[PDB]
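Chemist: This is what each chain is made of:
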Amino acid sequence: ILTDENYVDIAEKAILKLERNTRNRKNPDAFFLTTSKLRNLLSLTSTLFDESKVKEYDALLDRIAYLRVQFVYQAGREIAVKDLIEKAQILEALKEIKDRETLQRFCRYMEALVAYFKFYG
Amino acid sequence: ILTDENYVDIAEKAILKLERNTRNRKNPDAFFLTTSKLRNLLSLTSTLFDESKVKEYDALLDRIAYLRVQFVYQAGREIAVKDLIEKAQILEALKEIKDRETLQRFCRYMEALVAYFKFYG
Amino acid sequence: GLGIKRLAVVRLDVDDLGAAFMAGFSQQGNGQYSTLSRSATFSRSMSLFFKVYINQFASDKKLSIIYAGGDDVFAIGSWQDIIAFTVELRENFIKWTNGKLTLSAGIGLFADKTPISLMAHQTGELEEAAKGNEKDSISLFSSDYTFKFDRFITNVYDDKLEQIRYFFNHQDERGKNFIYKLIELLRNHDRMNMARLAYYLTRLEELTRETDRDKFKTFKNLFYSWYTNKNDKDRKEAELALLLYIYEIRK
Amino acid sequence: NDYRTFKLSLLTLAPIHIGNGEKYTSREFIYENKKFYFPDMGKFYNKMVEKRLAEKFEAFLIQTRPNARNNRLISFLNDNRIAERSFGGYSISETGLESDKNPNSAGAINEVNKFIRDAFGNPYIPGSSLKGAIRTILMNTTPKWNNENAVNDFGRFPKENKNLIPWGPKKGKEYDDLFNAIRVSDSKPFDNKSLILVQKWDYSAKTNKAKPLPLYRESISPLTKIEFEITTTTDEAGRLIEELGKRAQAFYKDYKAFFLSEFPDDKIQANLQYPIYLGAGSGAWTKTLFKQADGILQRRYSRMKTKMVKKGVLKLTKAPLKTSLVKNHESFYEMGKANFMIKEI
Amino acid sequence: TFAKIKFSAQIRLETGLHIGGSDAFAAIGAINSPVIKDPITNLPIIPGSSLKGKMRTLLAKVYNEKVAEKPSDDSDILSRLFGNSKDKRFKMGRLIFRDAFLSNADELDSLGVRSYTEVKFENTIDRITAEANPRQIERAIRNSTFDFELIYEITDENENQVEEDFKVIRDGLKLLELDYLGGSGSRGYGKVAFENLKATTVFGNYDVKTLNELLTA
RNA sequence: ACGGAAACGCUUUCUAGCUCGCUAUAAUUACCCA
RNA sequence: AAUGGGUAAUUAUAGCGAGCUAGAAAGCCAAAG
Ligand SMILES: Nc1ncnc2c1ncn2[C@@H]1O[C@H](COP(=O)(O)OP(=O)(O)NP(=O)(O)O)[C@@H](O)[C@H]1O
Ligand SMILES: [Mg+2]
Ligand SMILES: [Mg+2]
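Chains as they are written, first to last, in the entry's author numbering: chain D, 3 to 123; chain C, 3 to 123; chain A, 507 to 757; chain H, 3 to 325, 334 to 355; chain G, 2 to 218.
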């Protein structure tokens with residue numbers, strides 16, 4: 003679960019907990035995870051974040067159902083993304099959305115993850 | 003930390019601590035930081051300073067949490083905004099809001115930064 | 507037709523005249539100048555001034571001396587010719603007394619068609635509110651605009667007011683909206699309005715045309731300089747100067 | 003009334019892809035007839051959760067199975083006997099040339115890029131994309147716009163000056179803005195039957211092969227007439243948008259002598275009208291000032307996928323034969347090589 | 002005498018338009034240029050200021066003989082239909098350009114519309130180094146129509162200024178169909194049609210038989 | 001047998017007039033990995 | 001060689017951030033007495 007007073011901090015300590023290149027000592031402290039595979043995760047929720055303001059949640063939630071499978075499939079391809087969705091409890095927070103103010107907190111939490119990943123690296 | 007007696011003076015002495023363009027003599031001592039990478043950050047706090055006058059602080063904690071995301075993200079993109087919000091301790095001023103009064107103090111601090119950015123160069 | 511349609515009332519008083527008459531001459535010498543002849547000539551000097559020369563000072567001006575004598579001058583009239591009257595009266599009285607014998611007036615503005623006791627009492631309250639500034643003060647129009655005359659006639663009425671008039675007549679872009687927004691930033695004035703003023707004048711520096719831009723730069727580096735002066739005897743003067751310049755150009 | 007309107011007509015010789023940003027993944031289509039069916043996967047998961055098999059679906063999505071015809075969500079529906087396919091999105095017919103392997107590999111395409119579509123759902127060409135094709139023809143064929151458009155010794159040879167072409171409000175000056183005066187309209191929204199999804203085929207110099215790529219963008223079919231309206235409110239703009247006929251020929255002449263030479267001429271099309279390179283797959287040299295980016299374009303690549311020496315790999319595709335446009339065998343088009351003809355109205 | 006008439010129209014979009022919004026609390030990878038929209042229905046509006054300042058400037062390049070160089074230098078055919086700030090008799094300006102709200106939301110819902118505004122991705126190709134810069138700007142969709150109110154005053158200063166100002170208002174509307182209501186314009190985004198021009202009197206007595214014929218010019 | 005008795009700081013008055021969220025900007029590049 | 005797949009970068013940049021006009025009048029009162 004992530005709420006308003008802590009989700010940015012949860013994202014901050016998530017990004018610090020992703021593992022790095024232990025080898026490859028050419029500009030070290032570099033993540034396995036990259037900017038492209040993380041913006042592919044933010045692009046899943048970037049449509050639903052601005053469809054949430056206009057539409058009702060009850061006429062929208064099948065996309066929120068399918069977006070769990072989207073995060074699963076984007077996790078099941080690279081080990082640097084399956085690592086991310088378990089460090090930051092993304093799959094655990096997708097099940098606990100259930101309204102608009104947590105949809106616009108999860109879609110905002112992904113923005114926090116991208117922001118701290120861009121900030122570190 | 004910023005108090006009610008010194009938040010304008012820190013924004014004065016933080017524009018003066020931000021390093022300028024030493025080289026490229028075409029109107030020299032211009033800032034690396036551009037105006038429109040700074041009016042975007044003020045564009046958040048101005049629309050919190052106008053909502054804090056009406057709405058209670060327990061309804062604005064969705065936007066106040068996202069200021070912490072946007073300053074981090076805009077600093078992660080360009081090094082000049084990083085040099086801003088590390089010189090002017092904005093991420094350590096966002097840590098302390100907690101009510102309407104310190105929120106409006108920070109939102110005036112973000113404006114005093116822009117006023118002294120406009121006044122110098 | 508430019509000028510606000512108000513009339514002013516001034517009430518004056520030479521500060522500490524009985525002290526300047528009894529003791530008076532006792533400081534120079536060793537009590538050797540404290541005669542009856544010195545006090546008699548002093549009475550003739552003060553009587554000569556306040557009963558002969560005030561009519562000389564009120565010659566061209568549009569006013570009425572309702573009383574003059576002793577050390578009081580109570581005078582109603584037009585407000586340009588009341589402020590000019592009292593600046594002229596003191597700048598002649600301190601030449602008359604070599605800079606001894608401070609006088610301290612209260613000017614009050616009043617609209618037309620207002621009763622004369624409701625007018626004179628509010629003038630006399632400004633006069634006694636200028637007695638207790640330190641001693642020597644003019645109290646323009648209100649309880650707060652209370653300036654020493656040496657801090658008023660030089661700074662406000664001749665230095666700042668002529669600089670403001672000189673800037674605001676040799677241009678066309680800036681108008682009375684700019685003067686009103688300066689009066690607000692001068693009257694409220696926390697530390698935040700120093701930054702807001704530094705932003706406002708820098709916005710308007712790069713909005714004026716390139717013909718008149720050093721003209722505006724030598725005005726904003728002159729207004730921001732006294733706004734942020736940290737002596738408090740330079741910001742309060744500018745508000746009274748801008749009040750007088752708005753009162754001069756009222757339609 | 004200096005609104006001099008024109009009427010551009012655009013004939014696609016090569017397949018043209020534009021836009022939309024998004025892209026369907028590997029398990030988001032159905033190839034069971036000779037068409038590709040792209041559903042609304044939200045309605046797919048909604049109507050499939052009645053089948054009580056969403057956990058087996060989630061098993062299928064992370065199934066690292068070989069034999070790629072069994073990975074592409076066709077075999078999931080054929081094995082588990084889901085046969086309704088009444089879902090949202092749309093269908094497009096095949097190119098026929100996508101799977102190079104005649105051994106089965108049918109519908110074994112992997113990741114298609116979507117085409118730009120309005121909210122009705124119909125494809126069109128946006129005017130902002132056609133204006134970027136006009137603007138490079140105008141930039142390269144004007145010698146005053148090619149000299150200092152460069153670094154000025156700032157960073158990593160970084161960027162265009164963006165100020166050679168005099169643009170701005172420019173406080174104190176009059177209002178020029180040449181490309182505000184060149185007003186390009188969006189096209190009429192054409193039909194879904196013009197889209198084929200060509201793959202990608204990178205054809206190198208100094209190693210004569212045509213290695214294909216896993217990037218199969220949903221392009222327009224060749225020989226599709228698409229109309230555009232351009233109004234020029236400045237007479238200075240009217241001169242350039244009238245002289246586009248000379249300038250596109252001059253751009254293609256300076257670009258063939260720079261880049262299409264060192265490639266074999268059989269894979270290179272002929273113009274047949276005035277040439278234009280509409281976006282997504284024409285190469286970098288059609289999107290840039292090509293005679294000013296010779297030591298500056300390749301500097302960005304110190305990675306696994308670098309430009310080879312200089313003047314990077316050619317971008318061919320495989321769409322079927324029409325008219334003939336191809337000039338060779340094996341159907342190598344040029345992916346963005348379109349043509350136009352203009353007339354004032 | 003006093004009269005007050007009304008111009009009904011339909012602003013049918015043709016390659017629909019962007020009129021830029023306000024929020025800084027947008028996103029990271031979503032719409033950074035919002036369209037203006039109604040704050041309760043979240044339906045796009047055409048605000049009357051963007052109609053007015055396009056008609057005020059497009060007719061300025063037609064009816065001002067001397068080039069304006071400033072507003073309230075207009076040539077008194079525009080100064081009275083829009084209003085100066087500086088002429089003593091032309092402070093108000095006898096036209097009320099009301100805002101326009103999306104009428105045919107059910108007709109767009111009959112078509113396959115996912116959402117009432119589309120999002121358009123528009124990177125800026127750096128003409129050297131070929132790198133990009135994506136913007137995701139929002140625009141109201143193509144076959145949207147907007148109810149266009151327009152209210153005109155007829156006081157005892159209109160001796161023969163009534164029918165003269167209607168070879169001006171419809172002139173400005175047929176010049177809006179050659180220009181673009183703000184947005185980009187040079188990138189599409191503006192072409193409008195004005196449908197069912199229907200003048201009527203909402204107050205007073207005026208004969209719009211002779212007015213409803215030059216609407217159909 | 002209260003310097004007191006009686007007495008609305010009251011009436012009239014649009015925060016108003018003017019003003020395009022606008023300007024430039026191909027969702028594009030690279031061709032490869034096991 | 002086939003067979004499996006895509007991977008990396010950009011997520012808006014530069015601006016304007018409000019300008020000008022009005023800043024209380026007219027009555028009662030006071031004046032006219
Ligand atoms: N020429 C004069 N010679 C002597 N006494 C005079 C003269 N003119 C006026 N006075 C009297 O001097 C006294 C001064 O009165 P007043 O001005 O009230 O006191 P003051 O000394 O001025 N202290 P302040 O009222 O605070 O200025 C009055 O009684 C006047 O009548
Ligand atoms: Mg005295
Ligand atoms: Mg006295």
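No lab work stands behind these hints, which were simulated from the structure alone. Warning: the hint list may mix true and false statements.
[As the list claims (entries may be wrong)] Below are the DSS-like pairs computed for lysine-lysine, each with C-alpha atoms no more than 27 Å apart in a straight line:
1. G:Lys87 x G:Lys71
2. C:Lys19 x A:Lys723
3. H:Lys211 x H:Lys324
4. H:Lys324 x H:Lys312
5. H:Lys161 x H:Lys213
6. H:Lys116 x D:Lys39
7. H:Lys161 x C:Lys39
8. D:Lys55 x D:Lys19
9. H:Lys172 x G:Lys55
10. G:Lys87 x A:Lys682
11. G:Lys87 x A:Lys511
12. C:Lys28 x A:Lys721
13. D:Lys39 x H:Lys25
Chemist: For each hint, tell me whether it holds in the structure or not.
Modeler: How the hints compare with the structure:
1. G:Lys87 x G:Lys71: Holds, because 11 Å separates the two Cα atoms, which is no more than 27 Å.
2. C:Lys19 x A:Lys723: holds (25 Å)
3. H:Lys211 x H:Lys324: Answer holds: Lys211 (chain H) to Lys324 (chain H) is near 24 Å, not above 27 Å.
4. H:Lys324 x H:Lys312: violated (33 Å)
5. H:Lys161 x H:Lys213: Answer violated: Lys161 (chain H) to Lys213 (chain H) is near 31 Å, above 27 Å.
6. H:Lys116 x D:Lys39: With a Cα-Cα distance of about 19 Å, the restraint between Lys116 (chain H) and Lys39 (chain D) holds, given a limit of 27 Å.
7. H:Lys161 x C:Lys39: holds (18 Å)
8. D:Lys55 x D:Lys19: violated (32 Å)
9. H:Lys172 x G:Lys55: holds (21 Å)
10. G:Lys87 x A:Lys682: holds (15 Å)
11. G:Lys87 x A:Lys511: holds (24 Å)
12. C:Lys28 x A:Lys721: Roughly 24 Å separates the two Cα atoms, so the pair holds.
13. D:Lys39 x H:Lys25: Holds, at roughly 14 Å.
The structure is inconsistent with the numbered hints 4, 5 and 8, although it conforms to all the rest.
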